[PDB]
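Engineer: What follows is each chain in one-letter form.
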Amino acid sequence: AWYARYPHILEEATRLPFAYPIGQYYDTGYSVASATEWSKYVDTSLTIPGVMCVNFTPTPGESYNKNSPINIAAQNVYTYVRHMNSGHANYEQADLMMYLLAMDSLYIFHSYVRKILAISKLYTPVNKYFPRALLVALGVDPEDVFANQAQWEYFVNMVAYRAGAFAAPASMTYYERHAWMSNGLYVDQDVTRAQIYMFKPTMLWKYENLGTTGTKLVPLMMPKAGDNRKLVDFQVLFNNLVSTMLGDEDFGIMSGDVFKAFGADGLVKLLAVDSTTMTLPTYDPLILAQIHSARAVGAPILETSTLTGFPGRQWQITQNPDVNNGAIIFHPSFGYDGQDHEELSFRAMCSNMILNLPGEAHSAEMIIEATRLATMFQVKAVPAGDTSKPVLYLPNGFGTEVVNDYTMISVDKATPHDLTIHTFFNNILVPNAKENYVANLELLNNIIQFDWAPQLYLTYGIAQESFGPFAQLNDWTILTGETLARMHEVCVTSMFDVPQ
Amino acid sequence: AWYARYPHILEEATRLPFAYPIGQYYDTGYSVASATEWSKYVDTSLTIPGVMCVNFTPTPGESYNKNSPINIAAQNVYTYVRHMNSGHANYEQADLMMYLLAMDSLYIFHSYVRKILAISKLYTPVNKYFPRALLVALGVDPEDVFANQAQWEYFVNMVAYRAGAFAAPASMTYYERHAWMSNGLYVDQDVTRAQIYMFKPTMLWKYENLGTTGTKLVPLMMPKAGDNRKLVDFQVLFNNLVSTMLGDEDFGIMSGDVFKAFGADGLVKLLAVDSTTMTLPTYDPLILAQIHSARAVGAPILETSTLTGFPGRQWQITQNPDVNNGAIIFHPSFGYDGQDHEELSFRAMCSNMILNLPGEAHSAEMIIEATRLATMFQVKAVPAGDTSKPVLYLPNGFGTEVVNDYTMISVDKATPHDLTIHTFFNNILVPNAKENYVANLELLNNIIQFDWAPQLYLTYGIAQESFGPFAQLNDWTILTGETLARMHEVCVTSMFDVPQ
Amino acid sequence: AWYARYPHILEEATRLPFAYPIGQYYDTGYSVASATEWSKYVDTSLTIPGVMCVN
Amino acid sequence: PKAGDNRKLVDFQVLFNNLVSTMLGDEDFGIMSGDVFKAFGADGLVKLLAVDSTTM
Amino acid sequence: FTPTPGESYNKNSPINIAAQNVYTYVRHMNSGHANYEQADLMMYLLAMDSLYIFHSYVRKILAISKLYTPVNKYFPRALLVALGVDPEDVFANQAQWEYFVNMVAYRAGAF
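Chains as they are written, first to last, in the entry's author numbering: chain A, 48 to 547; chain B, 48 to 547; chain C, 48 to 102; chain D, 270 to 325; chain E, 103 to 213.
If we strip away everything but chain A, and leave its shape as in the complex, we get:
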């Protein structure tokens, strides 16, 4: 060949600088020097996004009866605590189970602040997003972690010490699943300049035992991305979390009874951190499998949230013993977008989802673990009133965690190329504006930069027509709501299961 005869000309001809370090703006330049008269018609910008954050919410699953897996697990752990290990008989099954859920929220908070501490020591020349973009996506000021890192470390250690006052079973996979999910960095590819997936809890459950009418886990809001929160705000959040937890007699005898039934080696163990413990991003395909099938349900509903025609639709877990035979009722109203309007794009999520999977042959565990974060709407919630500004949807069942939002961190194409935060569901609405089509195209390109990005459903407001899954398909199926509800029931039963 000619290439074998003259390899020197081929070598000197094709020496190009590869491996551009992502994290800053790049300008391609002009091939035509007279193209400056067409200013916006030539796109010389080139931005590579680096961080996608999955804003998740811990849930016990769908529950409207006593036949829910949460109530079955409550009855089983109550039998193991009292009827086999001599309990105190000052509480029911549901009080113990809501106490266990409060433990889950505590361990999620500890893994969250441990990830916040461990992220800030990551520095590399090939990625300029490390570690400021991850701290921006977590809603924490990076200067407050640069300046007082030792205070952050000792606060994390003190959280791990104070969380050991109560007890929780180690063999329950719910705790270790939430702690592993909330404390990981997951690259979308096995390359040195990959993109970071993340899991930030926006919801934490706060114990609210007031009155005789039963306990309740009220919502507690976590810092959203772009809010520069310091260590004092996280300490205030932690003290608000254990305000009604420590100093409670019922919680004290519950911790004593769990410490009696399960041994000292049978309880969970929060690991101590120090100055040499840092985490690196790992490649997890099973994380990408459930990230791909993740379906957003929108921002949660609080007591302060105003809804026209929807009163009392807050995301609370109730423990009223006078109604429903004292069941742990938790079924929320989805589709709320954070404010009081119609949110036309959420109608695109009313079709049956497409379960996409890598490879050709799929095991049962792969299909079950790929549908952990999926949620399909089933029936519209009937409003109590003649006028209704939003539209809410009741699901047919969800897993141990739902997805509310997503967060994109990428460099801006305009001066001075700082980080931009883009919050979006799977559904993206593009209304009548000349500045919204190019922004939506840039958001689409930034989404498809990631490998297993969730399947979007873009609604165009000027054509009154939405679009299906905007993702590349390899081996897919159509999932009905009944089969996904069955898989969610299996997942919630297996996660809350404890061995006796």
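One should not assume that every hint holds.
Unchecked claim - Covered by chain A, according to a simulated footprint, are these stretches of chain E (three or more residues, beta-carbon under 8 Å): (1) 127-136; (2) 193-206.
Said to hold, decoys possible - Calculated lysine-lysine pairs in the PhoX-like style (CA-CA distance at most 25 Å, straight line): (3) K175(E) with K277(D); (4) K113(E) with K271(D); (5) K87(B) with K271(B); (6) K481(A) with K87(B); (7) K168(E) with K271(D); (8) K113(A) with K253(A); (9) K436(B) with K87(A); (10) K87(B) with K436(A).
Said to hold, decoys possible - So these bits of chain A aren't anywhere near chain E, every CB distance computed over 12 Å: (11) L63; (12) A66; (13) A207; (14) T351; (15) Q363.
Please keep in mind that the hints were generated in silico from the structure rather than gathered at the bench. We put the beta carbon where it would ideally sit given N, CA and C, even for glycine.
Start from chain A and add chains B, C, D and E according to the hints.
Structural biologist: Frame of chain A, contents of chains B, C, D and E only:
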């Protein structure tokens, strides 16, 4: 360990049919029962495209004086023919070189009709685009191949017999590249229900021999995908391809000189076909690398094409002994969209290209072979007149072939779900209309269904702003005009050569 | 002998979950999309009883 | 800081932030760091040693 | 002391020769980006030298203050006076000094 002690429920809960055969419309249905009142706001339509045809054009490599690599190769092959072996003095070097260029067009046409005949025997139940969609994308009537298979077979055999009468050197790797490109299907993911890439000539060079002005090569059009031409149109094309070529007495004199110079074994031989010669799709990442880094230049300019301010910009490989010292002359003008107006989206190609490659370490052969189909504009061609409706762009030296446009085949949105043909460049213009945005969105989704799809530069007419490369970048670099011209000179010289 | 020489399509086309656990309401859904205007004329409810006590 | 000037930790933090004010956030410095990280390996770069309470 | 690259008034200075050599090794053998010259890379290397000098300086300031011995009453107040740092600000917030030194070592690894 709930999955271990209850494996039957885990096995039964995840029995899903995953191998969905592409090639038909799929209605996912409504997950919410009352979502049928939202009309097009719930998109329950899912289509997977199957055919991407890359429409190319053979070129000598932008000759503009005697110092071009094609003229140097003409001098080298003329010294090899007439100085090393006792030849004739009736023909010059440029006549022999353009005879060799016309032999490439004849071999491309033979491989074209051979692929038309060999495609129609492809059938698999998991891909319903076989073989009707490939025959639609190749521009033939699919029913005419099935109804007249015996007349189609001997036509290809007679084309091979009447094109094998002349000689062309097999040591020259121009023919062994073009014939290998023009036949054979190329899957994009090496799976069973993969997507097929193709290569079809948009045009071919028909030999016409004039008097003292020269033996200039002329354009000859080819049927596009929405034509459904029968066998007699291809017979007419083959008849006027060699109408003034087989009727020339001096043609065989220089044809036999190649035979006696290069021997009887170092010649290009055409493979005869029978009823069992069936081609199969193969996986080649070398083809996908140059498919991914490909840039469209537009439709060729003909003598019948009307251009305001561009009277003599027709694509012709001229050779006049009177002017330019008897050199082969070929400098086409790109940027022609087929109509007599300026294509607004062609301004987006004035930025520097992005060479994206898989993996981390790239050899020099991979870099020089990944830039074969790319073509970058350098400077606008000066119009001859006070007004000009289109805008044409002169290249900085193109490679051995140029991509005109692309043809994409997919099933229809509505009844009866027949094949639809989409013709688009690398630049897609979305004008301000009611229904163009969702058509552009489904075009984008169908393009990103393909794995190594070319990078699209979408220009929006409402915002008067275009966007950069719409492709997933993995390991990329910015290519300037000078480096790509340096690569293209090497890639032109490496094909037009003889190692003796 | 089409099933013998094409067994993969036959295997993939019939992957259905068959062991439905009784004890809960099952909504079969609407096969016709515009059948929700017929209200109770389309029964999409399927219940399986579990206990018969002979007193 | 010269000897005899009682400088606190805030002054040293101000000096450090003045040192890397134009260093971090520079595109030319970023591609320079990427090119040195490409030419010299990860084991071929300098290694600032971590300190703790037992290192004196 | 003061860190210096040496005397330089020509292109034959050892600093310029080392700049050209490291530029050849970065670009002409390891595929550089060609957005900078030899001298930009060498001044960047000198900025790295000043960064590592600062890190060793604050590390010495931190490590000196834990030295106490009865036979030498200069330890460690005289060394902290000679370094221009208040010894009370190292007695009172030593952990902040240690974590600042560690954060300097972490941030200096970005380049």
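Engineer: Report holds or violated for chain A covering the stretch 193-206 of chain E, Cβ cut-off 8 Å, minimum 3 residues.
Structural biologist: holds (count 6)
Engineer: Below or equal to 25 Å on CA atoms is what counts here, so check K113(E) against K271(D).
Structural biologist: violated (35 Å)
Engineer: Given the hint that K175(E) pairs with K277(D), does the C-alpha gap stay at or below 25 Å?
Structural biologist: holds (22 Å)
Engineer: For the pair supplied as a hint, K87(B) and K271(B), confirm whether the alpha-carbon distance does not exceed 25 Å.
Structural biologist: With a Cα-Cα distance of about 33 Å, the restraint between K87(B) and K271(B) is violated, given a limit of 25 Å.
Engineer: At a Cβ distance under 8 Å, does chain A reach at least three residues of the stretch 127-136 of chain E?
Structural biologist: holds (count 4)
Engineer: Is the Cα-Cα distance between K87(B) and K436(A) 25 Å or less?
Structural biologist: Status holds; Cα separation ~21 Å.
Engineer: The output says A66(A) does not contact chain E. Does that hold with a beta carbon cutoff of 12 Å?
Structural biologist: violated (9 Å)
Engineer: Are all C-beta atoms of chain E more than 12 Å from that of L63(A)?
Structural biologist: At roughly 7 Å from the nearest Cβ of chain E, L63(A) sits no farther out than 12 Å, so the non-interface label is violated.
Engineer: In terms of Cβ atoms, is chain E entirely out of 12 Å range of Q363(A)?
Structural biologist: Label holds. Min Cβ-Cβ 41 Å, cutoff 12 Å.
Engineer: Between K113(A) and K253(A), is the straight-line Cα distance small enough, at 25 Å or below?
Structural biologist: holds (23 Å)
Engineer: Could you grab the alpha-carbon distance between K168(E) and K271(D) and see if it respects the 25 Å cut-off?
Structural biologist: holds (22 Å)
Engineer: Please verify that the nearest CB of chain E lies beyond 12 Å from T351(A)'s CB.
Structural biologist: At about 38 Å from chain E, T351(A) clears the 12 Å cut-off, so the statement holds.
In summary, the structure is inconsistent with hints 4, 5, 11, 12 from the numbered list given earlier, while agreeing with the others.
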